[PDB]
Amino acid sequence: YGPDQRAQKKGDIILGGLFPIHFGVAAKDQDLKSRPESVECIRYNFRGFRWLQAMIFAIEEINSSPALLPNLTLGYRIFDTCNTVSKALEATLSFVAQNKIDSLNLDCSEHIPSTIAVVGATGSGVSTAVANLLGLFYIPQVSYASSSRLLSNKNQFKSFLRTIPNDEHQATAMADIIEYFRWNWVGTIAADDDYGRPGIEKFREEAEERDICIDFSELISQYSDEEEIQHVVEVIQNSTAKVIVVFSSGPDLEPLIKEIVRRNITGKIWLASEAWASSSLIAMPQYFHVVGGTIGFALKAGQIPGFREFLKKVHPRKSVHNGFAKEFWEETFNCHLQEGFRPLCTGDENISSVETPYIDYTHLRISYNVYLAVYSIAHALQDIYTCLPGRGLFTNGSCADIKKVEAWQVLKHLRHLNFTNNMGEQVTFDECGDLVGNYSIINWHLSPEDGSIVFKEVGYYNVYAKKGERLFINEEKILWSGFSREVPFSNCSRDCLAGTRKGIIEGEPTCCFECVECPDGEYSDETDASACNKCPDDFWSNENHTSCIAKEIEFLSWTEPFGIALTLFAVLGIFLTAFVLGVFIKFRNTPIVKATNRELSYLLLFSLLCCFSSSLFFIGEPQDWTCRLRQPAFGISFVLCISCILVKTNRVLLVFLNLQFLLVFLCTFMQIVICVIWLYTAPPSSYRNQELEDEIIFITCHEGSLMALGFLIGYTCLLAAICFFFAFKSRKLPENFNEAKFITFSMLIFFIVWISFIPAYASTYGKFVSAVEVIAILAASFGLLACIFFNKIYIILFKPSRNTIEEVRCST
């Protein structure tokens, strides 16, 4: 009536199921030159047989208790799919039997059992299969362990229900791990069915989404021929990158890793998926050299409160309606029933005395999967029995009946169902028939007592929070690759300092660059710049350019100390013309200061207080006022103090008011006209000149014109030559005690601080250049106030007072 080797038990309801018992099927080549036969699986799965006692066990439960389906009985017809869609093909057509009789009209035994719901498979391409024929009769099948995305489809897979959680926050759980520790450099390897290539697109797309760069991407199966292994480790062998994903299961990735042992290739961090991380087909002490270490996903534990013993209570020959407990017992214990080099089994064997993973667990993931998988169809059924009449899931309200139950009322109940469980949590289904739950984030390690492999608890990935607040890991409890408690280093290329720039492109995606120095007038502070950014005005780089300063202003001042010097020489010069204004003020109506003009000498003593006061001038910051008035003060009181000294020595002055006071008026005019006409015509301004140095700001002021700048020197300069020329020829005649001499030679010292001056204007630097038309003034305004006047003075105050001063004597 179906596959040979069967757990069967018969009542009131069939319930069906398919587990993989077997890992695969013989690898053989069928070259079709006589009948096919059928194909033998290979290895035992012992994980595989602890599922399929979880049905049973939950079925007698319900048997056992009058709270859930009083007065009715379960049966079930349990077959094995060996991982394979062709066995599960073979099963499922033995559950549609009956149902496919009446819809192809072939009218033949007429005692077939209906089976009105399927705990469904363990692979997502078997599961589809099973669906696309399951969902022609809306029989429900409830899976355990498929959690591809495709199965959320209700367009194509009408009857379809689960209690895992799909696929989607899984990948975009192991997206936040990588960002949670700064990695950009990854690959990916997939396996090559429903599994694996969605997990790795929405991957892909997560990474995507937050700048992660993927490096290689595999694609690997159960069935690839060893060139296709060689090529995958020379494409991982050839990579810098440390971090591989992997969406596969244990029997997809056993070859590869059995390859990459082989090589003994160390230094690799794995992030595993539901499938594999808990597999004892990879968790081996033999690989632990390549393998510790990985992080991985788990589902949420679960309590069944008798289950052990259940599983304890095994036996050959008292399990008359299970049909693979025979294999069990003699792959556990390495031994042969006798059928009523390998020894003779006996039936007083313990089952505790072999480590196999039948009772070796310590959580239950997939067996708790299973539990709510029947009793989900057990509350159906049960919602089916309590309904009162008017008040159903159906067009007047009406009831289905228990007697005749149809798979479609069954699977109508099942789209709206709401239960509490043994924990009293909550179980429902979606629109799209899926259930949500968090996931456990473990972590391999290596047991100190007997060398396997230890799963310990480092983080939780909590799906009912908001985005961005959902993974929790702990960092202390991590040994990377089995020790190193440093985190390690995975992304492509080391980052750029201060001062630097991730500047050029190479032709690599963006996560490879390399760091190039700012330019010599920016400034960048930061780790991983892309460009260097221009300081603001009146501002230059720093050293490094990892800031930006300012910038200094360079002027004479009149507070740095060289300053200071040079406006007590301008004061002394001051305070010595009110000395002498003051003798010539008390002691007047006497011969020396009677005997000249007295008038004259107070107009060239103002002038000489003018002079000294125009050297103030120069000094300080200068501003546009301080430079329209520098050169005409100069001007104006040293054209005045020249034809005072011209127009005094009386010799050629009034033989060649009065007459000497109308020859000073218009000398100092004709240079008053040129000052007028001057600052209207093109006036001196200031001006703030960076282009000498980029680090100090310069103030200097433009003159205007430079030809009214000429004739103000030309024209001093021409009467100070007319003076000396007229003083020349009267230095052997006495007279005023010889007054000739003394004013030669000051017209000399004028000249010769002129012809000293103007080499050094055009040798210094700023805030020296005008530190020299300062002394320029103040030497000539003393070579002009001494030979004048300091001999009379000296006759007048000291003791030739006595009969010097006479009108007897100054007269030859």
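Rigid core: the largest C-alpha set superposing within 1.5 Å between the two forms. Numbering follows the first chain given and starts at 1. First, how it differs from the form deposited in another entry.
- Core superposition between the two forms leaves every listed residue (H289, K586, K300, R182) with a C-alpha shift below 2 angstroms except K586.
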Second form
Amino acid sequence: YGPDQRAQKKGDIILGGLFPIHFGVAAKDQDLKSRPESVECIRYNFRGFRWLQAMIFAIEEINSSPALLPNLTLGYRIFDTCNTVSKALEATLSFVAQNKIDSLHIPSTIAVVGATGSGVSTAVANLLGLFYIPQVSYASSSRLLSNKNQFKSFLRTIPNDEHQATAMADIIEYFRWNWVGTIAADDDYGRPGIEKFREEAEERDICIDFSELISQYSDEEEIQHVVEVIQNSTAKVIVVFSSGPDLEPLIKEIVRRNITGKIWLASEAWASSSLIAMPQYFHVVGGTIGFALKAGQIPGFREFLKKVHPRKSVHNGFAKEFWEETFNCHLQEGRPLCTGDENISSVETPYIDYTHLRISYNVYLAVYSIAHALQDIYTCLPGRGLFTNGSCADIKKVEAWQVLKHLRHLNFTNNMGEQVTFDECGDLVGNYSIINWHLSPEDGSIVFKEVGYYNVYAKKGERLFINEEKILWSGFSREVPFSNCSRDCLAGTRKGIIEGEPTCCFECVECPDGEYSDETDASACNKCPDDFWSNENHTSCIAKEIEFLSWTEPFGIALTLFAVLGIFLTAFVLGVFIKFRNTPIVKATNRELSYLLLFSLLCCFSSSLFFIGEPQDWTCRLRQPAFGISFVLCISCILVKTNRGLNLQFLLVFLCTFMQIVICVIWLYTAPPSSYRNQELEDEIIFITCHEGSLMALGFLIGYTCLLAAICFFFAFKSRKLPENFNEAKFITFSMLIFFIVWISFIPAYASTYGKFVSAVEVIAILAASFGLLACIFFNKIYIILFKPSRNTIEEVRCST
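Switch over from the form deposited in one PDB entry to the form deposited in another entry, please.
We keep it simple here and write out only the one chain, dropping partners and molecules.
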């Protein structure tokens, strides 16, 4: 037949069931020295007993209601799996026992309410699909069961895990973490979920540090290896796809070693597990964020639950062990002795200490789905069926494949006003709820508080809602933890690569002296336009600096004062000779060449005033010829009076000025000078300077000036001794000598300096030469004429010679 411990009742139509009443089997590596025996189950499961009671309650309600299946009863045959494949397959062999008589007594089974674990469900479905017996599961959520090529008669009332993996990725992206590790159970439930999560997290630019597998039957060395892998890591957020039985040993080891500060993200299987939500583990598993399914209502279920008895439950064979485990007594069929009149409310167990019904509602829904398919078969009308020619099935000889067909074409409304339909893959979609683990002040137990939800019917990117103010991190903290591999670079600083490490870990390197950085996390430094240079902090770049000899400057003001003083002195000398024209010393110097020379000296100082200021196109063209013309005129006026025909004395000056003017015009027409902004000298600053355009013409001008100064020198030199005109040759020689020594002296500075000081030396040299010429030629004569010798030599000495 099958297992001796069961819950069964007779009826017209029989339903099968598989529930975990125990958490596992005994650890016994049999050595095969004798014939093997049956294995034993260990730890009782009050939640599984409640789920079984939910199935029985639904069946009894259906049998009581006259509106769903009149004059037809339902039976059941329910077994225990102990979360093990081997035990489940023994019970499945009894389900198909009658059907195998024809293919290769127990009444035939129509449908089976599925298992809990995905591996157990796959093992059961492989065998149930041979005979086309429908199977409806309440807890299996693996994506591997959606393949209808291998599983032909599998349905479920629970959604699959792809949406939940995407939800975890969305949560991690919401809190702005990029450095996590993963842990998964080594079975059909954890591995596909963790693979989907990895695929989703890779496209959101999240780096995963470690990934490990665990099991209920792992050994101490494996546990310690996983613990060391966890301990050596800097990541704080850990994502776990597992259940309580598969997770308990690792949690126990971590608690013993006292590892704190971790952030756990829990899947639906262990997010509400009483094996892990223990008060003494809170310093490790406090403040967990996990997922929960949607709750439903079953009105009289609790009153039904409070009625179980070891003696009155004849059809329930698990009630005896339930009573013994609940009250820690022994039942003497005719540790203290059970008396049988105890109170269930006295002992606190997960049997009735619950707030929401989630998987129990799924069991209820699966039973009602099977009942509604049978009712749809019952109420068929001839000619309008789902079979060939519109024929209807026979309710007195209904078969499992016909029940499966009507299950595939099913649509009904539940007790809450919602529609229930199965898709082409036999899946049912639903929302998710997000919970946080708190600590109770009144009792000291774990309290699950809602903090958000995940809406599956919304557009991508608007599925997650979280109320952050209700979250206590690690159970007590109000601050969002930091889970990034490295700190973000700041303004002025740039990212660097570390060899052998993922893209999420980098080094902050400073930007160079020509580039800057505005925001955080720059992968390169930006070069800014050519008229700007980078700031010291390198946050931005400031404008460059323009440098030229300018007015409103202490140096330029002094130069201007010197120039105007020279102009005024020349004007005063001219006025002196104007006043004293008739008198004799003024006449023994050609009267009008003196005026021309003073005019040329005024032209000289004004020429110096050209160089001060910001260079422009129209000044670089005139500044240099202006000094040349005037100084050649000065030299000519001096040379015509030299010791060696009135209109002839006005011919030489015009001729020399004529050659000078002619050279400048040729040069300017063919290659005029122009302004030239200079940036190559320094990166930081810019110079505004004139560009000559032709050095040949400048050399020719300087050569002509030097040649004229030379001929004067040689001729003034040959006749210095003469005492005429107060030793005029002696002073002319001095004036020429001042010229040559000054210009030769300034050559080096022209050769070396490059900035705003090259313009200053030119003004200094011009003023020096002009003053040296004017003073030497004029001041001795102007002295006697006024001041003391009012008449001492004002006539006779001049008159005599």
